[PDB]
Structures are given as C-alpha cells and as structure tokens.
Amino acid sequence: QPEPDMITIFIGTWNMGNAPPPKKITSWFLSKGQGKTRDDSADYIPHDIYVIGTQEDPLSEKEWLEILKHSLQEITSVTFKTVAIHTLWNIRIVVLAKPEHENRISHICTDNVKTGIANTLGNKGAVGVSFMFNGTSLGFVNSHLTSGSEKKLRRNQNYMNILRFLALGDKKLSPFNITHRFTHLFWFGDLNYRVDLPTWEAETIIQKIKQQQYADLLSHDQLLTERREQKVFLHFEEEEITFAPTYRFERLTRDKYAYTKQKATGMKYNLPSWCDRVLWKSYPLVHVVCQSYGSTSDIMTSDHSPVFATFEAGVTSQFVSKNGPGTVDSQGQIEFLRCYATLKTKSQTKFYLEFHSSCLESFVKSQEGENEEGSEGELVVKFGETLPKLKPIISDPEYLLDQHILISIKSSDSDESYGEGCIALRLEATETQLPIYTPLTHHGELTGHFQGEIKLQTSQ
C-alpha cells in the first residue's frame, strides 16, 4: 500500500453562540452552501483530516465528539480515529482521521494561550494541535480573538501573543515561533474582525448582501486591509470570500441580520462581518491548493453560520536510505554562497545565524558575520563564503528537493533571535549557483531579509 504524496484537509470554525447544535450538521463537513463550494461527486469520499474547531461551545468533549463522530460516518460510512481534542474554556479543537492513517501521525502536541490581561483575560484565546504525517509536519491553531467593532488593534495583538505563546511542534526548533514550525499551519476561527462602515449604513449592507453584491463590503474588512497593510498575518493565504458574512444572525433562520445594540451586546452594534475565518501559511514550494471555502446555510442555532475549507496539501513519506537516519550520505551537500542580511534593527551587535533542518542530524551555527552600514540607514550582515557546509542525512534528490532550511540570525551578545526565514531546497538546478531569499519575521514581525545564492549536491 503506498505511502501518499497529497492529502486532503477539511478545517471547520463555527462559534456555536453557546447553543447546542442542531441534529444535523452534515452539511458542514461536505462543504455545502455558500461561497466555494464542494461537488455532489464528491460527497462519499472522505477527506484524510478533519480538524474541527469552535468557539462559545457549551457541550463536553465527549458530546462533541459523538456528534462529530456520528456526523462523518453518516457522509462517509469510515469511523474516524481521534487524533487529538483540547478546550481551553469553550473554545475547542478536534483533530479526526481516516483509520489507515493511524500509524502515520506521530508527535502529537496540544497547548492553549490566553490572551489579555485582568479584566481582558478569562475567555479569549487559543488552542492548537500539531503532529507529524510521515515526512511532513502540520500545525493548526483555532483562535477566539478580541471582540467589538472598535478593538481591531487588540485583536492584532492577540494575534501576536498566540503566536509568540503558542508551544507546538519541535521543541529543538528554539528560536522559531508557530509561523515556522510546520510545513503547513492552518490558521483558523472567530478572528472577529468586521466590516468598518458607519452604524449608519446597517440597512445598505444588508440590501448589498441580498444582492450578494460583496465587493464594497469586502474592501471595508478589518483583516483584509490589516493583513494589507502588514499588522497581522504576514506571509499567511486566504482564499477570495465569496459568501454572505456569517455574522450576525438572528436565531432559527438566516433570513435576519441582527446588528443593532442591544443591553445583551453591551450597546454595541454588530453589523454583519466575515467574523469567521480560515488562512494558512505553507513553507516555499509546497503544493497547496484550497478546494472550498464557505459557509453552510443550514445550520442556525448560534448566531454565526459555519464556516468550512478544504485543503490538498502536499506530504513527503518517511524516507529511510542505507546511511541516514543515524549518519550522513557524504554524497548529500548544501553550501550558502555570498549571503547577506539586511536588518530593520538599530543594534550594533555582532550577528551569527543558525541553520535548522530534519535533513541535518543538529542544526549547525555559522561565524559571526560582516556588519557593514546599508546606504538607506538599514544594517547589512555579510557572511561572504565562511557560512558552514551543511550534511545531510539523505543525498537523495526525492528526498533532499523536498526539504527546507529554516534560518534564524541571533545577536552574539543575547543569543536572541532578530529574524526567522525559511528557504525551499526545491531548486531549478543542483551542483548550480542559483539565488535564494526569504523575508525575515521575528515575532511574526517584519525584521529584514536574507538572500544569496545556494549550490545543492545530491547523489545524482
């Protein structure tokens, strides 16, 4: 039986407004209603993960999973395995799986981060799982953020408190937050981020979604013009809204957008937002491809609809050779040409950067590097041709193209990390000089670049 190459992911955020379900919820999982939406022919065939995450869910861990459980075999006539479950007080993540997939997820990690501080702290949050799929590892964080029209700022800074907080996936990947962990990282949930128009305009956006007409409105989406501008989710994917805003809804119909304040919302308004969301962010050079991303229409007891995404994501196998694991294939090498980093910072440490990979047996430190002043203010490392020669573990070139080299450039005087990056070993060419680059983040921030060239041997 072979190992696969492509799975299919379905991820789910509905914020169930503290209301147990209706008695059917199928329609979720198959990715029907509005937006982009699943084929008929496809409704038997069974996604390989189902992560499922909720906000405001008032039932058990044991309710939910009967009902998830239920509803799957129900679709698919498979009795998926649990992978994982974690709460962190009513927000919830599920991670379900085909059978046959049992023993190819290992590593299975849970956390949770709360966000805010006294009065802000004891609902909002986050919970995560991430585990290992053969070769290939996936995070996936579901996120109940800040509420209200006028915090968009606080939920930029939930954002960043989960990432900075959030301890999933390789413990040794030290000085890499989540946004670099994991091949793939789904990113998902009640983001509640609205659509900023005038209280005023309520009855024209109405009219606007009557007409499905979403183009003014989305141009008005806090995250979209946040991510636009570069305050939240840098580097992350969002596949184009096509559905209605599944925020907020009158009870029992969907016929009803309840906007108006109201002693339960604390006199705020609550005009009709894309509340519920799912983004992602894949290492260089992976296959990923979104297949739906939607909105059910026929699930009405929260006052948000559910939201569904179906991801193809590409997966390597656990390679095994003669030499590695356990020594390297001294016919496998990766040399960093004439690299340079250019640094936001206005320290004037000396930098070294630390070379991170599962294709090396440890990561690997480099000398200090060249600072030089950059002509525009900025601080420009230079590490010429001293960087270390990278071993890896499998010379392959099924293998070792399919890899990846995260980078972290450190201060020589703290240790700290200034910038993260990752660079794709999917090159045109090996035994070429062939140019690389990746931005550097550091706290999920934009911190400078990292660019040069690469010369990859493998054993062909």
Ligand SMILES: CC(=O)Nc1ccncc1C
Given for the second form:
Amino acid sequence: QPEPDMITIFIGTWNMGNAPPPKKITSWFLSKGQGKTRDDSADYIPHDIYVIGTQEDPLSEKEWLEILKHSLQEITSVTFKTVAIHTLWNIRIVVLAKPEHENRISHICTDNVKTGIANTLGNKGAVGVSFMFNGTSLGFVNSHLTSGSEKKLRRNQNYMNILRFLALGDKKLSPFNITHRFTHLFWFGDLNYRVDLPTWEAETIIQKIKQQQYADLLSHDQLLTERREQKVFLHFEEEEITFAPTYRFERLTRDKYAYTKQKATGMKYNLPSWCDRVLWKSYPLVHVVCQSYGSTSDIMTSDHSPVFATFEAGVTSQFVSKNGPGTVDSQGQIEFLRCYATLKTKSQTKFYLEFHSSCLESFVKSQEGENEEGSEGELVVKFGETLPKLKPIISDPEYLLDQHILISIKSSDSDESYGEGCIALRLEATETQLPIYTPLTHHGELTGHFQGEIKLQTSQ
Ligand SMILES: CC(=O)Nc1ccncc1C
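Would you mind generating the form solved in complex with this ligand now that we have the form deposited without this ligand?
In what comes next, the whole complex appears, and the chain from above leads the way.
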C-alpha cells in the first residue's frame, strides 16, 4: 500500500441562514453549479478529505454529521470517517476523510476565536481544525466575519484577531501564528466582504449578474481591493471568481436578489456580494492547484448559496532512516551566507534569529546580528557568515529537499518576534550557494524581509 504524494481536498462554505438544508445537497460535494466546476467524469471519485464550514447553522452536530456522511456515501459508496467537528455558536467545521486515511491522520487540534468586544462579542468569529497527514501539516479555518457594507475595516480586524489567537498546529512553533504553522492552510467562510458600489446601482448590478458580466463588480469587491492594498489576507491566494454573487437571495428560488433595506436588515442594503469565499496559503514550492471554485444553483433554503473549492495538494511520507528520527545525520547540513534582515521597526534593540523546522531535533537560536542604517531610513540586521550550521535529522535528499525552515527575528531585549517567514529547501542545486528570500510578517502584516544565500548538503 504506497503512501500518497498528492491528495485532493474539498472545501465547502455555506451560510445556512438558520434554516435546515433541503433533502439533497450532493451538488455541493460534486462542485456542480456556476463558476469553475468539476468534470462529470470525476463524480464517483471521492476526495481524500472533505472540510465543511457552515455559518448560521441551526443543526446539532449529530444532525449535520448524519446529512453529510449520508450525502458522501450516496455519491461515492464510501463511509467517511469523522476526523474532527467543532462549533462556536452557529459557526461549525467538520472534517471527514476516507477510511484508508485514518492511520495517516494524527495530532488533531480544534480551536475557536470569538471576535469583537461587548456589543460586537456574541455571534461572529472562527473555528478551526489542524492535523498531520503523514509528513504534511494541514490547517483549516472557517470564519464568519462582521456583516455590513460599511464594516470592511472591522472584518480586517476580525481577520487579524483570528490569525493571532486561533491555537492550532504545533505549539512548539511559539513565534508563529497559523499563517506559518501549516504546509497548507485553507481559510474560508462568510467573510462578508461586499461589492462596494452605490445603493442606487442595485438594479444595474443585478443586470450585470444576469449577463454573467462580473468584471465591473469584482473590481469593487472589498476583499480583492483590501487584499491588493495589503490590508487583509496578505500572502493568501484565491482562485478567480467566475460564479454569480452568493448573497443575498430570496429563499426557495435563485431567481431574485433581495437587496433593499428592511427592519430585519437593520435598514441596511445588501447589494449582491461575494460574501462566501475560499482562500489558501501553502509553504513555498509545495504543489497546490485549485481544481474547482464555484457555487451551487440548486440549494435554496438559505439567502446564501453554498460555495465549493477543491484542491490537489502535495503531501510527503513519515520518513524513517537508520539515523533520524532520534539522532542527527552528519551527511546533512544547512548553511547561510551573506544573510540580512531588513526591518520596518523604528526601534533600536539587538536582534537574533530562531530557525524552526521538523527536519531539526529542536529550534536553533543564532547569535545577535549587527544593526546598520539602510539608505532609505530602514533597520538592516546583518548576520553575514555568522548564522549557525543546521543539523537535519535525515540527510536523504528525497526527504530534505521537501522541507522548510521557519525564521523568526526576535528582540534580544524582549524575546518578542518582530517578523516571521519561511524558506523552502526545494533548491535548484545542492552543495551550491543559492539566493534565498522571504517576506517577514508579524500578526500577518508586513514587517520586513530576510534575504541571503543558502548551501544545502544532502547524502547525494
Ligand atoms: C492581486 C493581489 O491582491 N495579490 C495578492 C495580494 C496579497 N497577498 C497575496 C496576493 C497574491
């Protein structure tokens, strides 16, 4: 039974509008409807992992699990295993996997974050799940962010609170938030970003949707515009949107957008919007390909339509050598030349680096760097040829070239991280000096850069 090199992952997000689902929801799991849809020839082929995020979910965990599992069994004739389920209020995440994967999946974590204070604490936030699939770490976040067209800044703040405070993955990676803990991170939900056009343009927008002409709407989508301005979701990818806005529909049809202000909306307009989204972030030079991204047309219980996305994702095996795990492999080493951090900080403390990777027995602290002033005001922290030589547990290039080094630059004064990034060991050559680079972030905002050269020695 060979271990897989690649799996497929289904991501679903649905704001159920506090209504039970209809009797058949199979179109969701088949990626059928509008947008980038899955080929009919794949209908009976199960995805390896199904991750279902709901918002405004009125069902008990048991009720929803029975619907999901019976849906997948009808499609695939496979009885899926429940990996995890976690609910905060009416925000839920379910992870299901093919039974063959049960003994490939370990280190399952769940968490939630509640967003806002007082007034604004009580129904918005996120749930998430992480686990290891053989040698690959996977994270999944379902968030229901603040509603309303004039609250994009609140949504961005909700995003920053969720990635700071959601405690998933390896707790030993203490300087790193969820945006650095996983080989593949999927972030989805009712993110509630709107099409920011004048209220008076509602019927014009509906016309454009009927013509399947999305370009002049997407140019005003708040998630795309905020992400282009580095206000939210920095370093996350999204597949091009080619499906109609998924909100706000009259229930029991899809023929009508319900946009006008009502007492039930707090006298707010809900112009047609792409509230319901799937984004991802994978470590550099790991295979990840979006195969589908769309919405269903035939599930009409809610004022939102379900959204699906599917991915091919590279995975690695749980590697054992004669040496590591349990010792180092002296045939392996990672060296750093001409390295320096450029930081945006106005502060003047000394900095050191920490190197974290599951290819090391434990994280490695460098000596302090030498601070200089950049020509445009910046702090440059020079490590020159001073960084430690990293001793991987396994030297086999089929293992080592698939690994990644997380880097934190920390203040000597406070031991607080000022920036985090990631370097792939998937190099063009071994025993050769090659440029490396990562942006540095802190709380998912850009704080600087790390660049230099690497020299990787493997057993080959
Ligand atoms: C066009 C655009 O917004 N790109 C982007 C922004 C932030 N982070 C990642 C990406 C790929």
